[PDB]
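Next up: a single chain in structure tokens, the form solved without the ligand.
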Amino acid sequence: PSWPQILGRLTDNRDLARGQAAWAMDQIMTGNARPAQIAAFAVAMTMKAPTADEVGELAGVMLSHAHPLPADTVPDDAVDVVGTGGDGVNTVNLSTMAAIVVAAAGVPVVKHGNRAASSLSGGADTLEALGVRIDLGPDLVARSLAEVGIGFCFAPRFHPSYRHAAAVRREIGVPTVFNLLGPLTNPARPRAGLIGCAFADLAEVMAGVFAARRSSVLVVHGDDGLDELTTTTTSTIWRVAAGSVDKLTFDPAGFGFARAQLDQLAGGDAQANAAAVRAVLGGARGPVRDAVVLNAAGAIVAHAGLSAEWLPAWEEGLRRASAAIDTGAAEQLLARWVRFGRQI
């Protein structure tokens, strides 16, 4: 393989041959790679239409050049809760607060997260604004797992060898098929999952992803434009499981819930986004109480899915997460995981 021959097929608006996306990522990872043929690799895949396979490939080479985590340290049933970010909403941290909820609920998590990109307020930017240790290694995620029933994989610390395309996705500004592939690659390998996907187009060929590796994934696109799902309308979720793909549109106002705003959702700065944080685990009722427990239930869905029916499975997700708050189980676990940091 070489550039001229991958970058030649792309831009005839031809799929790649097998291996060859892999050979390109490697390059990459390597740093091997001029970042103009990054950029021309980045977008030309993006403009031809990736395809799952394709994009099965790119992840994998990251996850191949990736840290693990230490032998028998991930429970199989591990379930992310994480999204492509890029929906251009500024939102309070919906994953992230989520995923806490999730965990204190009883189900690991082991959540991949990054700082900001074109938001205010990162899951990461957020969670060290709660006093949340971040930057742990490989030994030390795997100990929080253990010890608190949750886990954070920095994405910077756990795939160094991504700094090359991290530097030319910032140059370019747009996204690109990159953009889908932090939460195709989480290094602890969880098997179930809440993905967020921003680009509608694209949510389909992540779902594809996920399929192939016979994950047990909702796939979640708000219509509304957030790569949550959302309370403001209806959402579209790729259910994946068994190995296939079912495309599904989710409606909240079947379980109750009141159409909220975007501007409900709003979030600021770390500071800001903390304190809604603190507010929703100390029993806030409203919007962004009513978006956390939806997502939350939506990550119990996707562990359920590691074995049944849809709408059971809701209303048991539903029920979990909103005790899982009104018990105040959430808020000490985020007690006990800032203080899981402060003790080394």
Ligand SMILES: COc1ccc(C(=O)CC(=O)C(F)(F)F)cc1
The other form holds:
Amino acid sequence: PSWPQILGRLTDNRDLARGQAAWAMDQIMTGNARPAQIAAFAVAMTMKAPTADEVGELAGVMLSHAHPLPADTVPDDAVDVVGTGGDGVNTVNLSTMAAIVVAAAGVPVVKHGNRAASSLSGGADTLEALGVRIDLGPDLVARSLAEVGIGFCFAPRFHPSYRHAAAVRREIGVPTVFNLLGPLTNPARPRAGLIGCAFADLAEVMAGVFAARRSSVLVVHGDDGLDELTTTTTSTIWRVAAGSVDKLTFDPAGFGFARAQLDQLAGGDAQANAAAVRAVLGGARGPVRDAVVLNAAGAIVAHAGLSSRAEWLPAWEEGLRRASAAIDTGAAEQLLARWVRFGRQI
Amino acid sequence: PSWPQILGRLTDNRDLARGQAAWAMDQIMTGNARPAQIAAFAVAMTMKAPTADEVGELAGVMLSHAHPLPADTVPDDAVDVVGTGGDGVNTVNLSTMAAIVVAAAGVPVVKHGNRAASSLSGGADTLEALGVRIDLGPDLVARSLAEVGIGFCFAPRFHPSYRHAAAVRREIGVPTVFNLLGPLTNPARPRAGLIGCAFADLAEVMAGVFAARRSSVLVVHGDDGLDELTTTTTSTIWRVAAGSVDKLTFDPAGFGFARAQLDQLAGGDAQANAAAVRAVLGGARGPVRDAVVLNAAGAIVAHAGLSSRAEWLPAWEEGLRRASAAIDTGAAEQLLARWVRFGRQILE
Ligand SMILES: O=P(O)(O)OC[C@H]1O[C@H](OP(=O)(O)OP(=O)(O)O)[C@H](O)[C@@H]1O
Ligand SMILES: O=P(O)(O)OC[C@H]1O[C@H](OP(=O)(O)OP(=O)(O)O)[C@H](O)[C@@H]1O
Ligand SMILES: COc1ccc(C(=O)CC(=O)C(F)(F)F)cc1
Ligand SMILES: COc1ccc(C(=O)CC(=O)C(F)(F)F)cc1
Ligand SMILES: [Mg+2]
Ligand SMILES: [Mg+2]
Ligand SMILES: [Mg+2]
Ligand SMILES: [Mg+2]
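Would you mind giving the form deposited with the ligand bound, to go alongside the form solved without the ligand above?
In what comes next, the whole complex appears, and the chain from above leads the way.
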């Protein structure tokens, strides 16, 4: 294997041979690729159209270099709630808010997240502005999870060897195959998740990667472009369980949700998005609560897919009830306060 | 204009807006593009599939940073004989040999060239092995052209500001749109040329670049992969004249050339390729001479097209006779000797 062979195959629009993506990703993670090579590869793979097998190789090699959490500190039913970002739409931090509501509903949450890449405020930025400790290592993440029912893996802390790819990603700006990797490389490896994909074409690919794992996942793409379950129109959901994928069109109007407009979900800077978290957790009704409740239910539905005691619709109805109740009973607000407390208590 | 905007347009499979390729190239030439940006751009522009307008912006910006030759030192009717390289075939240096023969036939040649990127021996490497000085600046290329009838612009000498692009090219290894730029960027700007393209899909784009310039050019791709007119089979010629392009299949059998095989055109290291130049110019008959003659004729035809009007077949017959005579009179062998002599005079 070599760069000329691999890049030549991609620029020729051919799928890679098994092991080539892994070789490439290992060169990148070991600091052995020149920046030009990283970029050539990220771009060529994007334009060829990565397959699930290739992305699984990239994510899998990327995980082999991640700091793991300690043994037996992640419950087998932990859920993640996270997206690719890059939806260009600059919303309030839907995934982050859903994650808190889900945790407050009794579901263990280990969230992967990062600073904003192109928006004004990303999940980690908002959390930080809320006073949640984002900079914790493996041991303290595990303690957060055990003591608060929620943990945050700050991607730059857990994936230090990814620094070369991350710098190239930043230098080129254009979204690539690398943009898929964050959501696929949660260092705690939870088995469930609600995973948002901004890129209509690549969500099936992400589902394919989850399919090869023992996962229960909803890969979601709003039909308006959100890497979240949207309230402005239908969403496409790739349901992943038992090694297979069930693609479906999801309409929240079936659950009595009013259609929103994108600008009603718009956010601002970190302090502004932190303010929107406090509003929603405090009971404020309206389009943002609706989106949060919708996505939190999505996460609960994925969790339920693990110990599969329920069908699609009933699971949605119970997820929605649990997500609403976690807010209305103050449980989400209480859980955030406890999370901040835990962080201040070292 | 930004990288995110330009790269995002390309990854979306869209042709660029006018001026965007020029912005990227200026970033590249001024030292302002990061290696990662250069490579992303090269690759994205390649996989999207460049247009002549885009490659023309790239080349025009590149030319603007190049060292020019001093004024009124390049003849109105100079020709170039050069290809993209990258045919992966490792032949004897066909362009270099044809350039010598063309000049010996009385056509001023200002040749753009470079070392091997992928071959064992490039044009420049072989010229060096023959004792030709490849490292001259504008003033001396210009003198060489006046006194010998041929001059050689060593790409690295004339395009110093391309060093970031060139380092990226070497690092990534795979052909991109950058591989088209050398031939489109001769710093003497001859208005005619026989330009070889190893990439069948990009030959048309090179042709359209020359057409916008109103150059008289044959852009050629041997149907066997050669960035030269071939003797093993037919060639595709994009004929550039009066600002328009014609695609043609060309068959040398129609002039009485017999089908050669590729390994008959095989070369080796600089010294072996130098020995093959010497053999051809000494009059040795055979497969290498046939290909040198065919290619020299092609450039002579391109050169004749600098005016109007004539047509095709007679111009080829005349080109072929002219190229044959240049050798058999001893003129091509003598020209290389003068060229070598001129280089040796520099020291004084
Ligand atoms: O700047 P962007 O590329 O458009 O992405 C914005 C955020 O979305 C992703 O995380 P996450 O899904 O956790 O954030 P969320 O809470 O805002 O949904 C990503 O890690 C960013 O934090
Ligand atoms: O290493 P490669 O990518 O295969 O390219 C071989 C040669 O072709 C180009 O020049 P030119 O057409 O003058 O050389 P030639 O005399 O060998 O044809 C290039 O500048 C190299 O000298
Ligand atoms: C300083 O070194 C680093 C800087 C940034 C990052 C990331 O940004 C990780 C990331 O996106 C992931 F996809 F989630 F893993 C990692 C290391
Ligand atoms: C060290 O500085 C340099 C080294 C190499 C080169 C080239 O290689 C030029 C080239 O191909 C061109 F496209 F014809 F211009 C340029 C500058
Ligand atoms: Mg999100
Ligand atoms: Mg979002
Ligand atoms: Mg050549
Ligand atoms: Mg050649």
